[PDB]
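Not every chain of the complex is shown here; the ones you see sit where they belong.
Letters A and B mark the chains in the order given here, with residues in each chain numbered from 1 onward.
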Amino acid sequence: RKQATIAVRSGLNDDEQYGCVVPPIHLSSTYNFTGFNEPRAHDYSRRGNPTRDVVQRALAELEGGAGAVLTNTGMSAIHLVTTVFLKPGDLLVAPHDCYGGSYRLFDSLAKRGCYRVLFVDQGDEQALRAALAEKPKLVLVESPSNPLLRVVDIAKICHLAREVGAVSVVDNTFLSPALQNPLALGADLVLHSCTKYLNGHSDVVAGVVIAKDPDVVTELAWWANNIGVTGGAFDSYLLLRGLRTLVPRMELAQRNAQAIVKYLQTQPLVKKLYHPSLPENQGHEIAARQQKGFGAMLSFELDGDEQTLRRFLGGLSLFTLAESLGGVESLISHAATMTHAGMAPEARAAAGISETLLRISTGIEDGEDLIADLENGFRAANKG
Amino acid sequence: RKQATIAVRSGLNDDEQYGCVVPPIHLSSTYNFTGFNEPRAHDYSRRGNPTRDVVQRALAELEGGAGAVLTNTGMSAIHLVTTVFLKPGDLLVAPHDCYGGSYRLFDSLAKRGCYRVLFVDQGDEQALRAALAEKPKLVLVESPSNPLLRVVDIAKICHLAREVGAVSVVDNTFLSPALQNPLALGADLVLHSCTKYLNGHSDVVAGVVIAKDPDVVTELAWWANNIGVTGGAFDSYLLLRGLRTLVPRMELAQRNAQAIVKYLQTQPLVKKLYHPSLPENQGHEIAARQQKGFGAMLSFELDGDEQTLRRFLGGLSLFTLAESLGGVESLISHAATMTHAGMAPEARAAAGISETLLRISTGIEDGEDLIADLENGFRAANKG
């Protein structure tokens, strides 16, 4: 069965007692024993919960993994994976342009001696080769990257990692299982911040780690319980509900993004445009090869200054100025003051992040309405 | 004024837009800015959420702390504290009889070199002083302990700790802020598995860390966001709801526990009985001095064999055989088979845990109803 079928039906008719099509929400923190010294499949929600189990199976199926571990946030899924595979003295190799939260977590802990971290431009074969020569225990890959949507060869990185015996984990948040499948590309693990596209409705905060090896699933589950990062039952339910429309949401959002990309290619005030589909985007060839779609995330550089930017923004009404991405509603953010405000000004410029770069998480509103709304912003930027 | 008033009214009327008496559930994962580079008090749920903020204030207030950080599980509240206060090379002194999850966590990470752990009998003055001489960075106290309900001097232990420069954190789950206040006894932090008494309804899994120092709150908050362990908004809602009846719940449950002890004090089949109110109970006098009540948890050894055990249990119907405690419903567990089945039989015995020891988490059903139920249990225990 195709991904559209899996997303819609996985977990349906789970209820064996009442014949409910949609599974109930098992909020119970505990479960009675069948008899003395005879517990059932679950004995304590923190360790195992029936509702979390259903969504874990659905997410594992969508990525083609053996099983999944749902965590309470995407950041705790990242913390779970690093906790399991790294101890003081061990080395982690991560992308030089990875998610700000991820960088901050690794940096903060490595600065305490908890483990070693090496940030590398994984697109640079020489740089990458040298990092892997240091024999890391874990290699994190994140593609496309934010906010320039730069793409790196997942299959190649995972292979080189496997060559030196490092476990590979791919943060597939930006494209979701509907537009990219890292396990099918050679990764040992794939994780997501379910807070984004998977839930798709901006009202659930959760993370997940999916593994190709069932023994690794069990190890992850063991550690998730041990440090207490398993996800809640209610969030599990809403996440599963959001998942039901994952495919049509991703296809329409992507279709909308392509329409916006095409329109922006004609705009004079668009100094630079970024999207995996653009032949000139860093790693486009790779994207065309390893992705099932180019994605709904995009970004562009407005020609002008801070007031031109404030003018542009002030002219919008269908894009909400806010953090995050992946929801059904269109959002816009200014990297220099939002996603990368925690990055040194010189660094941002050093990272190729312009002070006038705006990133758009395309929603599923009508594409022409969204484009007409951008037209209004551009009209406003050009007025003095 | 009084804690009963705090639990009931904290958070009420928070709504300034619609005038709702009960605050709404703020599930939104993100928040809009008022203008470019002008965020509001909240920018991302994982970092800060309006509903979680409210329940944190209620919990802080209930323990007399400056602030609280709600985590997704009690275990992650313990992991958060250890993560903030220990780094490779630092030492943690924990109770030799602390909660199983706490023990397993500290042990598993200490084995990896993340930090050092020394498990000590904090009731053994000589043993305690020696460990503190190791100059730990953190000292964890957990009283009463489970399942023998032994009690230790929190005020003293915290004083000693502070002297050696160690930060003290007390796991107050067993009694809740309604029956004991560690901060009042000189602790730097008090934490609870809100999954227990605080929520009181067995349908929420959450943890919380409350600090005396506001600077410590800010730091615990930064780290909780960093490693991703902040609790959910929905759980925050149901938790605060459960909190509204904490005082009446604890009062009635304690009364029923006291009534059950009495009845048990006539059972030729009760080989031994444990409760902090009994004069022969380890640490009873300290208990009478630092606690506000003796608690709703109790346990007793069944004079007989496994067969005698299965029989007694088989004759109950108002006590559910299950893990956990703190809920309005009465539960019973067999440590050897549940709580401590992870210990070798001799190890359990060494720890003073009998193969026929039964723990009761007293609920708020009718006392007489509860005693009567036990009556039938014993009747069967006898029967050939």
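Assume a contact is a pair of C-beta atoms (placed from the backbone, for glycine too) under 8 Å apart; a residue touches a chain by one contact, two chains touch by 3 or more.
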Taking the 2 displayed chains as part of a homomeric complex, how many copies does that complex include in this file?
4
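Keep in mind that, in the parts below, only the chains that are shown with their structure count from here on.
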Residue numbers on chain A that touch chain B, as the complex places them:
27-33, 35-37, 39, 43-46, 71-79, 87-89, 101, 104-105, 108, 112-114, 195, 199, 202-205, 207, 225-235, 238, 309-310, 313, 320-324, 327, 331, 334, 337
